[PDB]
Amino acid sequence: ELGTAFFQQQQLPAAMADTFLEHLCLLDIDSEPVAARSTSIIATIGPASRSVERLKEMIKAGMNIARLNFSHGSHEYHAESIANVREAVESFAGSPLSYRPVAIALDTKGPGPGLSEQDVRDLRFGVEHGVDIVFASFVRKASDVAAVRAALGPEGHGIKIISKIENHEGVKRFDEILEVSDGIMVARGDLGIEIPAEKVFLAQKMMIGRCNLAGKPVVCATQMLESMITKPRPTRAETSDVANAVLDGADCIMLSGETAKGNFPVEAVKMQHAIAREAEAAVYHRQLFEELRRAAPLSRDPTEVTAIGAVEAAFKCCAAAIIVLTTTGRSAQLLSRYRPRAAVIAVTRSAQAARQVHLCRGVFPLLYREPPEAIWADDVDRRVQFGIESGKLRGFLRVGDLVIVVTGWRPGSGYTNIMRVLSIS
Amino acid sequence: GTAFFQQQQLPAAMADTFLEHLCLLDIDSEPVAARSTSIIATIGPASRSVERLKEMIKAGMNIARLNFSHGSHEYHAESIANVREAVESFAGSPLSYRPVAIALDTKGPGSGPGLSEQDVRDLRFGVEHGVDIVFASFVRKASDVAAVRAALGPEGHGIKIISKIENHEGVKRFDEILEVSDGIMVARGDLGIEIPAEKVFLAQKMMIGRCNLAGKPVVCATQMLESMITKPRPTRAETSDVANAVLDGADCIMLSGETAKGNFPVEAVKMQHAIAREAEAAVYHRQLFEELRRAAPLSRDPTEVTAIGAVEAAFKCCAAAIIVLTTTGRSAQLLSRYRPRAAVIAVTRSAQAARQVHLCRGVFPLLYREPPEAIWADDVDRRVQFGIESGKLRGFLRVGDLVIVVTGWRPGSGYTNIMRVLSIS
Amino acid sequence: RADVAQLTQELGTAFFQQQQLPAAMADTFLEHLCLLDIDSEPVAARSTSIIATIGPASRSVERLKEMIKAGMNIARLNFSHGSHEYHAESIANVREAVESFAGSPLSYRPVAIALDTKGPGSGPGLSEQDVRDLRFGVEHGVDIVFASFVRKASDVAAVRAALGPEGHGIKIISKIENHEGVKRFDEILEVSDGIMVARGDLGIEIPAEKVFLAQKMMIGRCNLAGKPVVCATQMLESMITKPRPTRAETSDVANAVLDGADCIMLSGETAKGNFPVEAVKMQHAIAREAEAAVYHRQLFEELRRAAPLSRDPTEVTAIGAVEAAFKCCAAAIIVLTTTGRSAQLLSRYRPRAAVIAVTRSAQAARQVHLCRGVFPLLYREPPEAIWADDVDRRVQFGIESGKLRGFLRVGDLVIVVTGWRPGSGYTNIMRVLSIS
Amino acid sequence: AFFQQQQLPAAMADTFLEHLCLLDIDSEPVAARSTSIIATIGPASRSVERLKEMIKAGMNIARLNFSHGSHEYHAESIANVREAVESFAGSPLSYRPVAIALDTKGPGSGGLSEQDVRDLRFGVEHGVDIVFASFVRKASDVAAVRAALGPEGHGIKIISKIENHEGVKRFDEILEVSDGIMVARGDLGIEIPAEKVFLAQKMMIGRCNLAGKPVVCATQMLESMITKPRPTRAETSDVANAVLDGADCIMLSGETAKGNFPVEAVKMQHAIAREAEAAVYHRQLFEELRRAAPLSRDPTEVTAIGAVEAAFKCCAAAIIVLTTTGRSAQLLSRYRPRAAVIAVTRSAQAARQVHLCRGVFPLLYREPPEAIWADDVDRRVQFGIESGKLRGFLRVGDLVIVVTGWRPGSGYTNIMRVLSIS
Ligand SMILES: O=S(=O)(NCCc1ccc(S(=O)(=O)c2ccc(O)c(O)c2)cc1)c1ccc(O)c(O)c1
Ligand SMILES: O=S(=O)(NCCc1ccc(S(=O)(=O)c2ccc(O)c(O)c2)cc1)c1ccc(O)c(O)c1
Ligand SMILES: O=P(O)(O)OC[C@H]1O[C@](O)(COP(=O)(O)O)[C@@H](O)[C@@H]1O
Ligand SMILES: O=P(O)(O)OC[C@H]1O[C@](O)(COP(=O)(O)O)[C@@H](O)[C@@H]1O
Ligand SMILES: O=P(O)(O)OC[C@H]1O[C@](O)(COP(=O)(O)O)[C@@H](O)[C@@H]1O
Ligand SMILES: O=P(O)(O)OC[C@H]1O[C@](O)(COP(=O)(O)O)[C@@H](O)[C@@H]1O
Ligand SMILES: O=C([O-])C(=O)[O-]
Ligand SMILES: O=C([O-])C(=O)[O-]
Ligand SMILES: O=C([O-])C(=O)[O-]
Ligand SMILES: O=C([O-])C(=O)[O-]
Ligand SMILES: [K+]
Ligand SMILES: [K+]
Ligand SMILES: [K+]
Ligand SMILES: [K+]
Ligand SMILES: [Mg+2]
Ligand SMILES: [Mg+2]
Ligand SMILES: [Mg+2]
Ligand SMILES: [Mg+2]
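Protein chains in written order, with the deposited numbering: chain C, 19 to 129, 132, 231 to 543; chain D, 21 to 132, 231 to 543; chain B, 10 to 132, 231 to 543; chain A, 23 to 132, 232 to 543.
Source of the hints: derived by calculation from the structure; they are not laboratory data.
Any given hint might turn out to be false.
Label pairs and their calculated CB-CB ranges [as the list claims (entries may be wrong)]:
hint : chain 1 : residue 1 : chain 2 : residue 2 : range
1    : C       : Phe-25    : B       : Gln-26    : 44 to 52 Å
2    : D       : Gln-236   : B       : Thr-348   : 27 to 35 Å
3    : C       : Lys-127   : D       : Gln-27    : 55 to 63 Å
4    : D       : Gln-27    : C       : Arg-467   : 57 to 65 Å
5    : A       : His-93    : C       : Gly-513   : 57 to 65 Å
6    : B       : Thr-348   : D       : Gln-27    : 47 to 55 Å
Ideal placement from N, C-alpha and C gives every residue a C-beta, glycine not left out.
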């Protein structure tokens, strides 16, 4: 039905292993990855990656989130970077095979007591320019997040706040920070200066583990491919670091100087893309799924209940994708937390949700712009078919495949409760 | 509430090891779930009175067994008529009506090598009288099952054949017999004479294990409550034997002389009911579900994929029930094979399928009698509402419970593909 | 298959087909059940002890010799019936039958004598008849007391006090027979040497459909504590009048062994029935089949995970010896013991290997029958001048007795467990020896 | 306080996910660093005074890269290493043996090259302990290296370097005839796509752990430390992940051979390895190693499993083992005990070679002999205890597992004893 060739690809012999030791022993360099790369790539915009033509090459290479580092540059400089990103993104609104939403994230300069005056002004700039995410620098406690949230004013409550953990206090107060944040960034640069360099891997693994347990995005950042600022190829430690961040459970991986100022910004994005694809196939889903299941408390929320049912069904049939309809991205995030091998294709009418779901591993957003049908059930079927046809066009799906489809019982956010098994025709 | 988590051996259910699970079993933890292992009662002089049969149905009898080793065809036709008269006396309340299957147990081949002439005549009697199940005596190989199937003719294509394993050859050729049978009966009486008495428990445990792995019904039979033929209370070994047959994984438990000729037929049914309810709560679902999922192969059949998704969703939310619409009983059987703690309420229009699904542990059949609605989606919803209303009346459901609803995308058998999370209102 | 390939080439495919070894290698309990085979013959010596109640059907010396040969390890005297004179005669007949085999020290079978008390009756604590019967037990040298209707820790303290300073070595097995005993189980087990799941009264005191829960819970907790647990009452009841038991009875015996019972008991089946010897033979045959069907892979992992870390060298040596025995498919673990404690600590990890306990104490040799898998050998030789040579002689006695008894063959590996100095409490050494 | 140190809350976790969640930057490592450090000797690390600092920093194996330098150059490096090592021999209870490994140039465009034959002969003549054989592609390459060592070099350990696709594909046949493996990531990263090297590393480490044979992770682990005093975030993560993967040894090449911070690079590897060893999830690792190790009738194999099990049961500070060839210590090491394996040996070569096995701390026995063999054994065990107390491995009141044999000579280990310290 699928063939022996299917079961030799994407580390499937290592996937069937009964122990983690046997899983390692069965990893094969000749077993090619087939699934689309699920860990998002955040690229820092700077002199080496500002031009519209360079940004088009970075989008093609795999960049999903453009980071603006507000530690340098004026508001005028960053507004031009935003306009260049949006111009490069919209240049592909013709071909549906190449069009992809790209999120814009603002990284603050940092704190002094309370939020700095420059951070208040930069956060206001972000709201005025429609940024999707804020990477808040030096978050140490829950009140630091509340201050950033308050500065996002009356108009920016939909912006995701990713708290950067950069010091001992942030690590110690991690649980209270994660509870009030949308996600976390393991900011290894400052963290490696604030705590002993030999302890950073413990903080990284702990934070990734806790974010995976909470179902919240976690970004691994800084010096992942550092030598690529001046060299065309990374060191053996650098490729290992990227692979291990993905195996640890990071939703996003980041490039800073590699894309902002280095000589090989596009090559650095290509390298992160190539490593993440290899590492995602090497994940030991048998143990991961069982442990995510065992740790996750019982839930009476139908979205959470449908999500675990859909992920279980996708593993049972080797589903090419899980197509989910989402207004805020939440139904896609709840599927993503169980780490399915199947791609989560999120169909949405919200351009902001489409950009923000790049924070969740394995979510491939599709922005639906067709006008509503008069009959709601027909409008749902048209969006389900839109995900199927986009999936066929991009290579996720073929006729005869099985897909899991996740929808809700009435319009509006918060009513997901249906999982369907569909044969692609 | 805290009271909820003290009942149905929930502290023992949360245990991390089987040893800790045994340590946490509590005699004060009352069973809450409806009894899921079916009771087969043999009909005889002690249980043919229509008024006595009504008491046995109320006590929990699900399948009435006619032992063709004793009595004439005229005697068995009167047994069938009395069973049907007692069963149909409750049809005036469709929300509480309990279907009861009729099983024909053959005399056997005797000194012959294959199907005897008396068995050919008895099987034809069964088809003419509309029996639901055949317990075929002394099945030794796959060709014995084919001969029973041939003797049932074209009119008896829907009858379930449960092969009785009663000797060494049947145990050795078990795999080939199970492959062509609808299920198995561990016929301990003859088996204990054909093989050493001290080895029967090994054959019982092996056969139950293999049937659970195949997703096919398995019946534990003979001398389970033997002393209740003359005494009002069973021995300590007898109550333990019933509990252990349920813990082993038997779908059905049987009564022979206890109901056919003894002085306490109703009390024997009540005792099996009481023990099975206690033993089902003591099942270690944490290990059982993991092992059934791991052993079950990948499937591209949407009914099988929806079944595992629905069972996973039911465990996630502590669903009171899985309501499934079924024509042949197949969708209910595929849910049952994963051993959910949630009751599988099977709503069907087929009176025969309603009787036959008693062979699957945890399937509670409801016979829907209303003619089809003009709009198919309304007819589906009416059947689901009938399941909810029957469930509320019988104590399976309460307002505020979560229920998993399993349906298909079009009319007719074979199209189950939808799982939905529903709150009981 | 790579984890057993070399040992399969060495020991042969026939070795790995016996004693439910394909079911033993299974990765899940479901696959373990699927691989159980009625043609896979048991090889190991029966490890669950059989307690037989002595009565009119089993009191003669000649009948007792047949019961010892059939497998009886513990003789139970039910003090609910019979006078002190009647029970003293039963004790003398048991000792005469047991000593008739003492001529060959290498094959002699010690048999424990257990006194089962009448109980408190309508009273709240220790009755006057129990005080008199317990003093009779001390005066007649009984090894074990099965204390009836234990409801709390003070009930066992009262039994201990009635035994006096002379009965300090007697094992107290508390009988759990009612709701209060089940609810106060933890405090009772803490002060008892073991437990008896007394299903007869328990099945009257609590709903009959709940007894299996109390049995499984108590066996689980005793296995966790490493203390003996006895499953009792109506196991082979129909064998009082019939030569073959019912299908529920053979299942009940097998399930008590699979649950983890150290001992199984016969009451009326041996005390008053028409087939006392056949009932013992049936329990022996079922226990051997059920012991091979135990899923050691999960059981050993769970016993290890649940057992707290220990700084007691006897406990540390015990787990190391059991681990080593599983690694090499050791035929036996030979242990030197004074009180039986080192053998009990090996037994709590449920090795597949027989635990051959070499002791000079006749009482400890009788009492270790309470621990599953312990085969006592009574050493009658006087001590050597050099302690190290005396220890080596005792180990060689175990090997030679094991060879003559069929436990050990040339080429087998055995694990030997000893201590660093004389006296109880100093076990700390494990050795791997090849049988030549 | 005991249960807050060495990641013990994370060690008690019921799942790997919970284990990650409980990792604590404030939980200080207490156990001695188990993963050996191999430092390449070059212009930056050739002086006797420099080598003494590197030994104090944690260097266990000195690597001589025969791709560069003459035989005269390498003989001087060997003499300087031995002079620095022997400067600490005055205190036998604290003396640290250091192995000398010869890394061959390789076959180049060719089987065994003529320069490799000459270099291997040099190694035997100069008493090297280990050979890192370059570009091993099949079992016959190992046989050729073994033949070139001759009858005088029967005791030298051959660690096969896997550097290309053929070596990865023929891994099982190479490991079967080798003493261990080196994941030579430099050439491997050029021979196969750079994004696939982590898969080859994890597979090879897993298979060596399964076989109970040493595995070395090598190349660019702390590359930026050649010119900078601190490594990058990717470099510290790489070292930690090689240890978490299961590497017995970690290596420094240019960082020690030609870089500006050779001592600091050794100190950095030491600090990271200690932190990573405490973060190992022993609960799962021991169960998996135990399950996968085949049944055995070899008493040394049987005693080793029993001793490791007993060490975990009592939180033993150490397993003290008497060994002639190092084999009894290697069989204990394969089960990855948390307890240090203190190997007491009279063989100076075995003391150097057991650095290839994670968690084996060699002690070279040089005390006068005892006339009674039982007394001589007891004295070697007391020597293990005293050196352990002096070095901080043991304290009074600790439990240790002692692994001895029933008669003199190698191959007779069969005894495990539980001993209370002082
Ligand atoms: O299922 S996974 O992809 N886990 C694999 C990672 C892993 C498990 C266990 C160990 S171990 O130290 O026990 C060990 C190390 C090396 C061995 O050879 C060995 O046998 C055992 C190390 C590493 C996963 C990832 C992230 C999670 O949050 C999660 O819940 C599960
Ligand atoms: O390892 S053992 O020898 N026997 C395991 C007995 C057992 C385990 C699990 C279940 S289960 O309900 O999960 C289940 C039932 C039926 C299936 O087919 C299935 O896959 C799973 C039932 C029974 C053992 C005995 C006593 C102990 O105290 C102990 O720690 C371990
Ligand atoms: O993931 P979210 O934000 O809750 O959105 C899920 C919602 O999407 C839907 O599937 C479709 O709703 P709309 O037609 O309003 O887009 C709802 O039925 C469901 O509640
Ligand atoms: O379990 P079965 O026999 O396959 O029946 C399931 C069928 O029942 C339904 O849910 C309802 O079908 P009907 O309207 O024909 O009764 C179908 O959609 C589905 O295919
Ligand atoms: O199991 P116990 O009661 O602790 O006895 C074990 C004891 O037996 C021995 O092996 C032998 O002791 P004895 O010489 O006193 O008989 C002791 O070394 C050890 O302490
Ligand atoms: O690990 P190896 O090489 O097998 O050496 C272990 C040997 O060491 C000993 O413990 C002591 O032997 P020596 O007295 O020869 O040093 C032997 O009993 C044992 O066989
Ligand atoms: O700010 C950052 O990204 C850091 O410190 O690593
Ligand atoms: O026929 C039967 O039911 C039997 O033999 O047990
Ligand atoms: O006393 C007993 O043995 C009982 O009640 O079972
Ligand atoms: O030779 C080496 O060490 C390499 O290639 O990495
Ligand atoms: K910044
Ligand atoms: K019949
Ligand atoms: K009594
Ligand atoms: K070289
Ligand atoms: Mg920073
Ligand atoms: Mg029969
Ligand atoms: Mg009683
Ligand atoms: Mg190289």
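If you test the structure against every hint from before, which numbers come out violated? As far as the earlier hints go, 1, 4 and 6 are violated by this structure, in ascending order.
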